[PDB]
Amino acid sequence: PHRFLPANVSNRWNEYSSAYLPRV
Amino acid sequence: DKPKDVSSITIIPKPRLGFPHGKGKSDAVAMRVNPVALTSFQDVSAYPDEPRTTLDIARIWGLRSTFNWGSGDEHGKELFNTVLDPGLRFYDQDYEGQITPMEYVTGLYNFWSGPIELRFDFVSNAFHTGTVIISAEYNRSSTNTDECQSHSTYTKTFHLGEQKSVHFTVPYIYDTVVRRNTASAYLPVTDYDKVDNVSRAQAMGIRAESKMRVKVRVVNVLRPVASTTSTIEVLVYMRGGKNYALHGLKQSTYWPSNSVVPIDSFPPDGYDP
Amino acid sequence: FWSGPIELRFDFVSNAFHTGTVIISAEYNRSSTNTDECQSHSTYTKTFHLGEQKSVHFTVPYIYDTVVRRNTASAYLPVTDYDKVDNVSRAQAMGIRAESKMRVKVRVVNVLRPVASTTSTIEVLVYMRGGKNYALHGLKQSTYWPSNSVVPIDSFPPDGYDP
Amino acid sequence: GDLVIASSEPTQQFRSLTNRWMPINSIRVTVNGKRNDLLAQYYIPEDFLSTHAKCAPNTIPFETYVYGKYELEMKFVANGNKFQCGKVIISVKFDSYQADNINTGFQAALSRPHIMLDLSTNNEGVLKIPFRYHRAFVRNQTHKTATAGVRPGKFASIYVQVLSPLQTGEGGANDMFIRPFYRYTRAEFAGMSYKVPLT
Amino acid sequence: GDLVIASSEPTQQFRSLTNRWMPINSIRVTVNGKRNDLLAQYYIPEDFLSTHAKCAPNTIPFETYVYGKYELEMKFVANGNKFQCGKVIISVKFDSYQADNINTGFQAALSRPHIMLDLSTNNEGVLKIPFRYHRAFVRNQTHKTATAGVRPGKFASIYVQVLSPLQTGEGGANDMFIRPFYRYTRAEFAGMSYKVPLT
Amino acid sequence: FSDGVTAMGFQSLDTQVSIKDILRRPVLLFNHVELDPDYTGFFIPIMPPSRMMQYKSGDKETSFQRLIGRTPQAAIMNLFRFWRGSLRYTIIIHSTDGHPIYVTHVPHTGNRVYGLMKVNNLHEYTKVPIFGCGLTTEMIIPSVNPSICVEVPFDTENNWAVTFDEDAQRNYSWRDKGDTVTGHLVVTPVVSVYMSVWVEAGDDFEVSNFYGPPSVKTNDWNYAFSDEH
Numbered sequence: 003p004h005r006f007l008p009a010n011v012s013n014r015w016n017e018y019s020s021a022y023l024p025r026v
Numbered sequence: 001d002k003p004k005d006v007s008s009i010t011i012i013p014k015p016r017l018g019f020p021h022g023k024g025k026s027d028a029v030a031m032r033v034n035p036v037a038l039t040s041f042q043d044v045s046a047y048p049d050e051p052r053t054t055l056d057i058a059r060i061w062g063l064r065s066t067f068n069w070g071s072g073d074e075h076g077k078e079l080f081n082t083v084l085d086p087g088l089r090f091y092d093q094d095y096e097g098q099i100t101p102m103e104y105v106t107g108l109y110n111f112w113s114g115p116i117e118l119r120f121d122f123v124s125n126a127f128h129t130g131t132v133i134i135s136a137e138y139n140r141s142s143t144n145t146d147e148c149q150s151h152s153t154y155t156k157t158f159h160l161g162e163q164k165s166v167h168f169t170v171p172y173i174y175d176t177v178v179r180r181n182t183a184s185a186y187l188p189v190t191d192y193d194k195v196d197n198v199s200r201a202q203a204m205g206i207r208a209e210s211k212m213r214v215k216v217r218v219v220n221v222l223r224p225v226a227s228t229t230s231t232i233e234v235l236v237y238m239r240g241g242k243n244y245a246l247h248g249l250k251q252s253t254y255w256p257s258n259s260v261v262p263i264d265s266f267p268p269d270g271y272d273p
Numbered sequence: 111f112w113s114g115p116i117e118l119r120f121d122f123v124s125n126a127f128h129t130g131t132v133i134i135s136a137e138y139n140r141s142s143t144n145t146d147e148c149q150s151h152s153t154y155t156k157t158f159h160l161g162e163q164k165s166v167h168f169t170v171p172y173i174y175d176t177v178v179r180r181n182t183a184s185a186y187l188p189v190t191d192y193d194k195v196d197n198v199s200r201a202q203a204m205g206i207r208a209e210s211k212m213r214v215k216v217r218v219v220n221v222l223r224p225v226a227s228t229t230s231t232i233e234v235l236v237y238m239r240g241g242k243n244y245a246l247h248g249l250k251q252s253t254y255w256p257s258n259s260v261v262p263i264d265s266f267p268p269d270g271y272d273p
Numbered sequence: 041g042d043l044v045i046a047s048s049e050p051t052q053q054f055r056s057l058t059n060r061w062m063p064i065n066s067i068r069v070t071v072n073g074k075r076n077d078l079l080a081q082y083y084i085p086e087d088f089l090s091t092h093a094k095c096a097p098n099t100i101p102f103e104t105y106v107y108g109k110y111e112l113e114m115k116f117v118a119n120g121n122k123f124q125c126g127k128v129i130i131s132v133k134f135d136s137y138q139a140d141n142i143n144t145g146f147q148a149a150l151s152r153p154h155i156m157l158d159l160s161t162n163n164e165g166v167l168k169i170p171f172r173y174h175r176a177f178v179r180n181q182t183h184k185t186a187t188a189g190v191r192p193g194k195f196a197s198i199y200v201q202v203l204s205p206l207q208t209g210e211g212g213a214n215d216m217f218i219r220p221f222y223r224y225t226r227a228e229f230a231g232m233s234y235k236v237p238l239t
Numbered sequence: 041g042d043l044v045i046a047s048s049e050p051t052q053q054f055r056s057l058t059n060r061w062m063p064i065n066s067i068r069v070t071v072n073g074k075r076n077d078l079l080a081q082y083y084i085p086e087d088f089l090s091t092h093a094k095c096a097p098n099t100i101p102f103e104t105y106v107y108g109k110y111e112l113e114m115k116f117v118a119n120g121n122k123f124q125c126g127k128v129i130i131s132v133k134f135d136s137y138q139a140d141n142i143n144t145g146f147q148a149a150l151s152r153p154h155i156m157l158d159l160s161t162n163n164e165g166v167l168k169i170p171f172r173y174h175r176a177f178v179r180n181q182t183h184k185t186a187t188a189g190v191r192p193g194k195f196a197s198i199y200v201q202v203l204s205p206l207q208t209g210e211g212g213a214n215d216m217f218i219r220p221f222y223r224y225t226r227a228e229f230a231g232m233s234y235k236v237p238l239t
Numbered sequence: 015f016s017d018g019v020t021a022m023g024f025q026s027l028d029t030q031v032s033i034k035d036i037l038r039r040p041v042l043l044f045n046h047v048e049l050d051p052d053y054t055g056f057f058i059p060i061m062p063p064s065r066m067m068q069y070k071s072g073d074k075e076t077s078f079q080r081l082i083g084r085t086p087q088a089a090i091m092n093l094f095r096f097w098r099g100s101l102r103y104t105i106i107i108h109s110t111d112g113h114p115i116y117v118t119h120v121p122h123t124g125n126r127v128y129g130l131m132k133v134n135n136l137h138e139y140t141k142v143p144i145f146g147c148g149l150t151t152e153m154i155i156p157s158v159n160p161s162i163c164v165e166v167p168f169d170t171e172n173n174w175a176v177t178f179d180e181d182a183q184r185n186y187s188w189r190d191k192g193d194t195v196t197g198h199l200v201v202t203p204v205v206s207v208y209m210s211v212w213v214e215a216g217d218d219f220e221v222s223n224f225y226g227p228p229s230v231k232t233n234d235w236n237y238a239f240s241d242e243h
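Residue numbers (the authors' numbering), protein chains in the order written: chain D, 3 to 26; chain C, 1 to 273; chain C', 111 to 273; chain B, 41 to 239; chain B', 41 to 239; chain A, 15 to 243. A prime marks a further copy of an entry chain.
Be aware that one or more of the hints could be misleading.
Unchecked claim - Short derived list, chain B' residues pointing at chain C', Cβ under 10 Å: (1) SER56; (2) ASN59; (3) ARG60; (4) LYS94; (5) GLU113; (6) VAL117; (7) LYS122; (8) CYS125; (9) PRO153; (10) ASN162; (11) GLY165; (12) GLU210; (13) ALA213; (14) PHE221.
Source of the hints: derived by calculation from the structure; they are not laboratory data. Quick reminder that beta carbons are idealized off the backbone N, C-alpha and C, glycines included.
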């Protein structure tokens, strides 16, 4: 159950948001 | 006419041709209309700045380690001390992090040789001042408190000031023309199996651990102005020398530890939401 | 796979007493609204003044992000007996259909104003062919197959030919 | 090579608009920042169209054209005092779509094309970005009528990362600022259409 | 001559955008229309920016540049049947601001640069418009911050007028249509600024 | 200090530093996997070995070899995200029978699958075989030769094929999802039989788009004695 990321850290296109710097 | 053919020869039949080799001959059948047609690299081709060999990747500078140097560090004190073995970073503990290009690529080979280059970048300003001595020590190692033992080896003293960087070629001085890798040639353990002596006894080989060390000691104590920081970080870069050599392809000692997911059948395996 | 320009030809089935103007437009990536003619006018267009000449040629440019386009039809389809499809069948397909959004449109510029003595409506025939630099690659199962007068062969004369 | 085949019609340049320097958002570096931390990151061209410098005349051709090839140049200007010290690294990752979260460390940055900024000396750095993409063109804009099968406006990623943390003296400033500027060295546009607002 | 003095910085052309044909709104000619009646009129460039063909790529440079010199070409295509007859005249009046209501007849149109359209033959007509203005440049756009002392976006007026009324046969069509198309032969822009929406 | 003299050529002239030479020597993918005639065939996605095929302790069991990720060439391909050209597949059928086993090439259709699959979920494929649909095919006759080496072309729309993604199981834009392969290779038997599959780079082959080394882990030290007992 990891088929898409949570909405807090994502840009519509179901990828890591450019705003969310803490991903690293 | 139908005359007989008397020509003949003895042959040794093999199932594959050039199966082990990376170059030479091949008996590969092209899945094409034209059997001798190939991919065109007229427009789309490899860029000229891209590395062509493993040695080209080893010539890229990579940040190996870091250490702090303060005004409290008395003269003769070891700021830096490591066994410089490109096979393994540690012999007595697990590693996890961003390994340098030359270490990554050396992990693919059973043998290495030639000098190793280091570069020490001092993260400072013009108001920082001091002196350190870099030393390459072979066979016999120095005591932590005995600076004189380090001074008797192959050394380079750097006067920190306006210049905030120094290069250091580590000579290759060993009893053999090449050194074998301290990592394993083959390791079938995949599920973090709890090791015993019987497992070690039935290993692929024996780890010939290096005693060759690079150290950095204080010559003149760091004496910065009151207006700036009393402690600075020093970045230690590493790469293979111009005559760095690698040989004997093996199982890679390093493997990705972050964001590793195996492929599945798309779209059969529940892609249709 | 296919690539290169596609040629069109518009034959107006009319006479000399028919008159009007249309605009042919090739639209890529983004498509126009049905009621917004201005959106169509902003693309690659050719305006044709219908009169004595009753035919116009139009080369559709190849403008895409890839050098070739893959076919929207399947590479292999083992369904022969019109099987009722489900999502599991689609999920285990040969590939995914990359549907094209590239459109060709014809809009009225000047309204058709024929004489009272002739027909008020005319038919326009739209012909199509590959350009001079049309290209094809990657042989696959044919998407089309004969639908009329299809009978499989039998043993002649063993299979009841002798009356 | 692929340009002439991919587009049947000729491509266009607008050097007066695109080849000028344009500043983007300011970057803050603090003493709290650790090595490997992302200070900023940019998916290009997307982020230079619809987030940073949105009213720039550099962005005008992207309104009408659907495709393009893009080579960029990015200048970085730092302003820390002489009693500070630290190292920042800026690097580029080509065709980064769905591969931003891997090979994204300081070590990967040192391998890829990059520039290094010392925070005390205030040396300027200029990284050159060629067009290295798995297709002939990159798509400029998404649209309601356009397909969602291809994610547009991203052929590369830029990362600004801490190499060595910012340090300061007793009663000194606990932060300093860096300003990026961008320009297109070679922006060729293809596939004319009706003008639309950017994202 | 005045170009080099009026603008210290160099002027720019965008031929790919501006020098293409763009259709504007359709014109209806009826049997009710008398001689001297205005079928349509256009204040240029204003009306080609913010009323006619607003989403045209021809209008893109006007968003960013504040000044310009403009030479236009306007093609007219008529479609009346062979049992109709009539005459239409299209003419241009240079620097027409606060002088549209005088010298605005069929006679004045025949004197000024013009084209004549027969509604039965469906002959095409092409009028060429040079830049004849009392200033060096014309202003492209109004703005809230900009002055109201100078009225922008008007260096000329185009008039479409009935010369001889449309006539038809028994049970014939009581109207027919004309379509104008425009293009800039020489559009030089000056004074770069931040992009704005047109009017 | 002196740069010295290189050791290259001293032991032997067999240089193994060339990237292309490393990628051209084979990698086992599938070790004794079953072919079943109830299916269309065993699918092999046309892509080189990489982190995409890496095993992680705990995850679901696949048909893939576990140590693909630890091969030299997999480690090399983890540095380059672009590749163009042909791959070569060595397929060995564990049999000596006279039954023909067909290997069919499928060009880039946009999907990405592996293993046994029923195409369009039918329950009969002997009357409608994939090898007799029109696509390019080659046969193995184990009685003559149980092995074969086939070279698959770069039949795709894209300039480069994408080597890897950050997450191989992520459901993103479907056209982009399939750009990590250039097609498929489908093996179809007559009767139930096992096979083994190797892969290598062709002669006409290039890599590009250097990404540098990723974050890695090792525990090799723990499973070996030192030279001092």
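Right, here's what the structure says about each hint:
1. For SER56/B', the interface hint is violated, the least distance from its beta-carbon to any beta-carbon of chain C' being 12 Å, above 10 Å.
2. Checking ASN59/B' against chain C' by beta carbon gives a least distance of about 14 Å; that is not within 10 Å, so the hint is violated.
3. The interface hint given for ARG60/B' is met, as the beta carbon of that residue sits about 9 Å from the closest beta carbon of chain C', less than 10 Å.
4. Annotation: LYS94/B' was flagged as interfacial toward chain C', and the flag holds, the nearest CB pair being 7 Å apart, inside 10 Å.
5. Because the closest C-beta pair between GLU113/B' and chain C' is about 15 Å apart, greater than 10 Å, the hint is violated.
6. Here the hint on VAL117/B' is kept, as its CB sits about 5 Å from the closest CB of chain C', short of 10 Å.
7. For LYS122/B', the interface hint holds, the least distance from its beta-carbon to any beta-carbon of chain C' being 6 Å, beneath 10 Å.
8. Interface hint status for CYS125/B': violated, as the beta-carbon distance to the closest one in chain C' is roughly 12 Å, over 10 Å.
9. Because the beta carbon of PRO153/B' sits about 24 Å from the nearest beta carbon in chain C', more than 10 Å, this interface hint is broken.
10. Contact between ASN162/B' and chain C', as hinted, is supported at the beta carbon level, the nearest pair being about 6 Å apart and thus within 10 Å.
11. Hint status for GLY165/B': violated, given a least beta-carbon distance of 12 Å to chain C', over 10 Å.
12. Against a cut-off of 10 Å between C-beta atoms, the interface hint on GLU210/B' holds, since the closest Cβ of chain C' lies about 8 Å away.
13. A distance limit of 10 Å between C-beta atoms decides the matter here; for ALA213/B' the minimum to chain C' is near 6 Å, and the interface restraint holds.
14. For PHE221/B', the shortest C-beta to C-beta distance to chain C' is roughly 7 Å, which falls under 10 Å, so the interface hint holds.
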